[PDB]
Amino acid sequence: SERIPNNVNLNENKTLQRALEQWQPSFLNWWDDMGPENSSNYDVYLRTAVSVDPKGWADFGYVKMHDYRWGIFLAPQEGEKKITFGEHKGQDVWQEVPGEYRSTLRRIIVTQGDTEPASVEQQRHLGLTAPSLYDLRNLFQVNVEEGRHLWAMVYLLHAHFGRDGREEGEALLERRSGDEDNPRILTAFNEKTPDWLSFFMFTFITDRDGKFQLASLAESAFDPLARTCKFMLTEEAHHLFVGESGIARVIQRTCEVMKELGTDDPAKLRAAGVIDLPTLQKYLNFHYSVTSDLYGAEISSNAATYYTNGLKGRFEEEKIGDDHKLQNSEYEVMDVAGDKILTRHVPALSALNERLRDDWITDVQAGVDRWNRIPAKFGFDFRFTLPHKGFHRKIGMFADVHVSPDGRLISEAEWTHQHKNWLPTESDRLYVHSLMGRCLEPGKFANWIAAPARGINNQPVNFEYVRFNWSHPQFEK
């Protein structure tokens, strides 16, 4: 019923409500310019959140995405919640940011916010080559949710950061993925997402960085941010499912053709129009290593500071069996010293980036293990693996050297001769591009990917998840 749906009593804060209503047309102009291409008249079968009530939170129906009901939804407030780590452990959580942390928390929220529209901008062309209505609908669902995450951060900026907050909300729509004068902040969000295989890896791997960053902020002493991220985690889960099941369905299809043709010869697989498993492995290597750089330098005074001040906790902070202060704790990280990769212990507070990275690696591996059930049930030997964490890194201690996927420091000549086996080549990408082509007949799936296990919201897999309204009704006519 509400114009800006929310469970935050927005209408009782009239100054804030005015400011968000003032900002909304510019969000909608951004959505129209940079959102899913040519989609202004589509009716999409979308889920929309209307609460955080884990039973009846999200309801489905057709909507044109310009009319999507983007809302602000915080996890329920908890009475007498305490801060759980850092200097301030045991004190009451903050409803407003302490002045001394204000600009730091602001930059953290803006940086998180910036990735949300960035992903929409990267993915805006994908619809033209959607391999199915089911997949097109999933893409759009991810898009409108990422749009909501921008709302979720812009709300915090306006509600808790005054004028600076408003100015950040405006600049969040002035930056643009890949733009020369005003690029998005983070490299991985500034690059192209050129085809559906990249899109599925991105939502499987890079949205998972979102998951771990958000789980760290879900711990924050700044409780409105903590409550915001806590609810976004439940949405991020859907994104991770799109990416994991997306790739799982490509692997499934490729294995079907391997069994049918009785061969694992790449040339024969490609003649049949599937993506050979070794090439899938390269895309995994590419997105995994690129995403890894997002956690930042292994050793960081800044990250020590976020923890100590109560701004950002460790993943699942409350399950960790230590003092949650870490003045006298250690953490084991790698190091490179000439022609050797070694391990060393450093003060735990200085290595929080690396700890979060390690948590993400573990989570990604759990998903790859699930992928591996597929070749295994076909009786194939192929297994997907993650490359050594030092492989293909632009950030941190491995940035000045080459590491092979199996964890050796290698020479410039070996990198130059071998990396074509490890990362997608121009020729691999051209091949994958040649498979990309829309498939919009109900219940039909492009030949490079298998059908999903089930539909959406109990609908058949052949349901018309998107109705294009190809006819162009005339103004006032």
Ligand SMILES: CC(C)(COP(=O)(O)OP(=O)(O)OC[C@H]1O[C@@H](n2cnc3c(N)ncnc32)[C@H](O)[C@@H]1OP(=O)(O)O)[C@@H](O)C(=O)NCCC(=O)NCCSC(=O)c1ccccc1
Second form
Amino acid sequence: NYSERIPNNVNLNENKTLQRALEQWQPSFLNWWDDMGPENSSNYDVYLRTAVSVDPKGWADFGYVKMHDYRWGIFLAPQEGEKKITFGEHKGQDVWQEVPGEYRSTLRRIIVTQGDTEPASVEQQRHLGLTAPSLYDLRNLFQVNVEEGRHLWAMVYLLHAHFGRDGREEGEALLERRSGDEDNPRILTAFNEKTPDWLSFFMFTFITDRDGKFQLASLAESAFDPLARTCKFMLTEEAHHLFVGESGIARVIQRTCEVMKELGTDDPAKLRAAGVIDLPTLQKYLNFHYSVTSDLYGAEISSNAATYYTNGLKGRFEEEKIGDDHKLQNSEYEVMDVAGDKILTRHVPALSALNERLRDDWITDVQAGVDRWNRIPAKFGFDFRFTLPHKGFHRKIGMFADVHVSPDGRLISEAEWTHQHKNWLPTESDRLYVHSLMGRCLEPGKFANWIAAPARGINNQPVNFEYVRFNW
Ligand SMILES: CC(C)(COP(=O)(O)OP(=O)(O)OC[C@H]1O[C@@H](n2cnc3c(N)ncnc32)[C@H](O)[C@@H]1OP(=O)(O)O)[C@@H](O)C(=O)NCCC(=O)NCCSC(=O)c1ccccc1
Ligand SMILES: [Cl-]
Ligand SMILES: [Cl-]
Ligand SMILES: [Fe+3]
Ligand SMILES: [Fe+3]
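Now that we've seen the form solved without benzoyl coenzyme A, could you pull up the form deposited with benzoyl coenzyme A bound?
Starting with the chain above, the whole complex follows.
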């Protein structure tokens, strides 16, 4: 009987039924945010960006707000006159403003899946704030959290506007599942794991948000133009999430590098006696997050992924730049093949291999970031370089699900895996050591010993700016 205004650029107030249904959902979102959102944050004033438009020349306001009061809203890319579908059997036909009946349940399931990862990530990350290495980093965490939240609103809008009764019902159930719960877990495995320390947070935003970039880019070409327009704008916001992850780790590497030079050493035990995260341990964290995330792209060879492209529901990454016929009935793609005791390659029909193409696009983007990290050790004259493990290492989805592959690409026995994987994935004692460094640091402009200062602040504010005010 008091209803918050929902900001949007979709003219929500013109469609009273849709406005009332979303208002009916809002209090439940707020209840979920208060219980599963960032712990103890109810009174904090945080310096945050809030979307107020979709102009690529200034679409966000920056100012202090309490997160429970954050102005979540619905923002789609601008509609385009007579926009056409650009791939699949529907190529050249007009885009859709409502979902065709034959595609309803598939498109709904895609949209639900995407929506579910959003509150999941917040649930995984809600305790991080208590051990934040700086007010800068606490603010970045919170910004990622409020945006995760807006991405739930984004999908819930679509479910209500375009999927009828079950759409409403999906929206409620999106707040009823919980990451790691035994009875109602979240949908994807990776979104039921713990994010137990800030090193994992930075790797998750560097690597796992990037799956989000590539899935969202694929949906941004959807023939279902309301979904396309939603996803286009989500990609604009997700770029900052990828920067938090990439620069986080860069900053850890820098610090470790600094201490290697100052102590004149390489010895991990001496480096840990100084409270830095040694580069080989970092490499295991990269191995873990990379491999686990890679599974999210799905089976390398897939009939479903074929139908999603042919039917026009999900494009390829940067579909419009690709120089083929955008239908693919006579196209090929090269994938791996487990060939007895060897890993070989083989060509398969392109339509059947779309999940592998998207995985490969994602690998290339991760490698470009890893190349940028490796400038730091090079700067210092150190030999160490970060690498990506072979794509079959530590997989549970697809052709490698049942075998073991070492980071360097060898098929290995079950016993070689049990005795060697400690060199490749974080051990219990690695995880304990990383955890022992996680002390909160909250005075303006001070940074915990395990991570260097960032290059600049946020929204032209200084590095020492009071980015969270606590009202203790
Ligand atoms: C492409 C996927 C990912 C998977 O497609 P599907 O069709 O479901 O699966 P396939 O194409 O692999 O199916 C091939 C076949 O393999 C079968 N199979 C066997 N075992 C399994 C098994 N154990 N598990 C699964 N499948 C298994 C399967 O049944 C099928 O069998 P048949 O061939 O019929 O015999 C789809 O979910 C999609 O487009 N999602 C939308 C985008 C999305 O995910 N967005 C989230 C991005 S993150 C982000 O936003 C964010 C990040 C950080 C913070 C916040 C946010
Ligand atoms: Cl569904
Ligand atoms: Cl074996
Ligand atoms: Fe997101
Ligand atoms: Fe994100």
